[PDB]
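*Asks:* What follows is each chain in one-letter form.
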Amino acid sequence: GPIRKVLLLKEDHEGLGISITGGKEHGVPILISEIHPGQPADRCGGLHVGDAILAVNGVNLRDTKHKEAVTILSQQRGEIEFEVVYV
Amino acid sequence: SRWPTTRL
Numbered sequence: 284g285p286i287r288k289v290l291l292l293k294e295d296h297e298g299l300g301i302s303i304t305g306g307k308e309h310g311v312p313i314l315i316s317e318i319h320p321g322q323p324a325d326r327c328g329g330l331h332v333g334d335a336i337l338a339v340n341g342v343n344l345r346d347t348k349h350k351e352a353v354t355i356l357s358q359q360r361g362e363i364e365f366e367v368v369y370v
Numbered sequence: 003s004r005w006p007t008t009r010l
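Which chain is which? The protein sequence lines are A and E, in order. Per the deposited numbering: the first sequence = residues 284 to 370. Per the deposited numbering: the second sequence = residues 3 to 10.
Just so you know, the hints here were simulated from the structure itself, not pulled from any lab data. Here a beta-carbon is modelled for each residue, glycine too, at the ideal position from N, C-alpha and C. Keep in mind that a hint or two might mislead.
Facing chain E, a subset of chain A residues (Cβ under 8 Å, in silico) [what the hints assert, rightly or not]:
1) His296
2) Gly298
3) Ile301
4) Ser302
5) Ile303
6) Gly305
7) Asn340
8) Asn343
9) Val353
10) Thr354
11) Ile355
12) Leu356
13) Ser357
Quick list of simulated restraints, FRET-style, between CB atoms [stated by the list, open to error]:
14) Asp295(A) - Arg4(E): 24 to 34 Å
15) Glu294(A) - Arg4(E): 16 to 26 Å
16) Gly361(A) - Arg4(E): 15 to 25 Å
17) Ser357(A) - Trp5(E): 27 to 37 Å
18) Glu362(A) - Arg4(E): 11 to 21 Å
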């Protein structure tokens, strides 16, 4: 599919509402494995199971190890832009 | 769930 920029709005008291898997140590991109009901990703739409996360708020997640990506993603607050692709 | 997963 196309590379997509997707808006997600996250208050500080809540998570992103996604689970991720994969990462450089496994030879695959950071992939969305789950979208959790009623949380920001679910509410906003636009993100799907199987999407690869290429970047978040301009921060490159390509070639990032699972833990690195967890750290970066978990630091984002407020209006968050995801760059994803379903490939 | 082939690899480790993290909820965010």
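*Asks:* Against this structure, judge whether each hint is valid.
*Replies:* For each hint, the structure was consulted:
no., hint, result
1, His296, "violated (14 Å)"
2, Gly298, "holds (6 Å)"
3, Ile301, "holds (6 Å)"
4, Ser302, "holds (5 Å)"
5, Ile303, "holds (6 Å)"
6, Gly305, "holds (6 Å)"
7, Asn340, "violated (14 Å)"
8, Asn343, "violated (17 Å)"
9, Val353, "holds (5 Å)"
10, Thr354, "violated (10 Å)"
11, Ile355, "violated (10 Å)"
12, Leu356, "holds (5 Å)"
13, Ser357, "holds (6 Å)"
14, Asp295(A) - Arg4(E): 24 to 34 Å, "holds (32 Å)"
15, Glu294(A) - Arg4(E): 16 to 26 Å, "violated (32 Å)"
16, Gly361(A) - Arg4(E): 15 to 25 Å, "violated (32 Å)"
17, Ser357(A) - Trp5(E): 27 to 37 Å, "violated (18 Å)"
18, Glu362(A) - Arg4(E): 11 to 21 Å, "violated (32 Å)"
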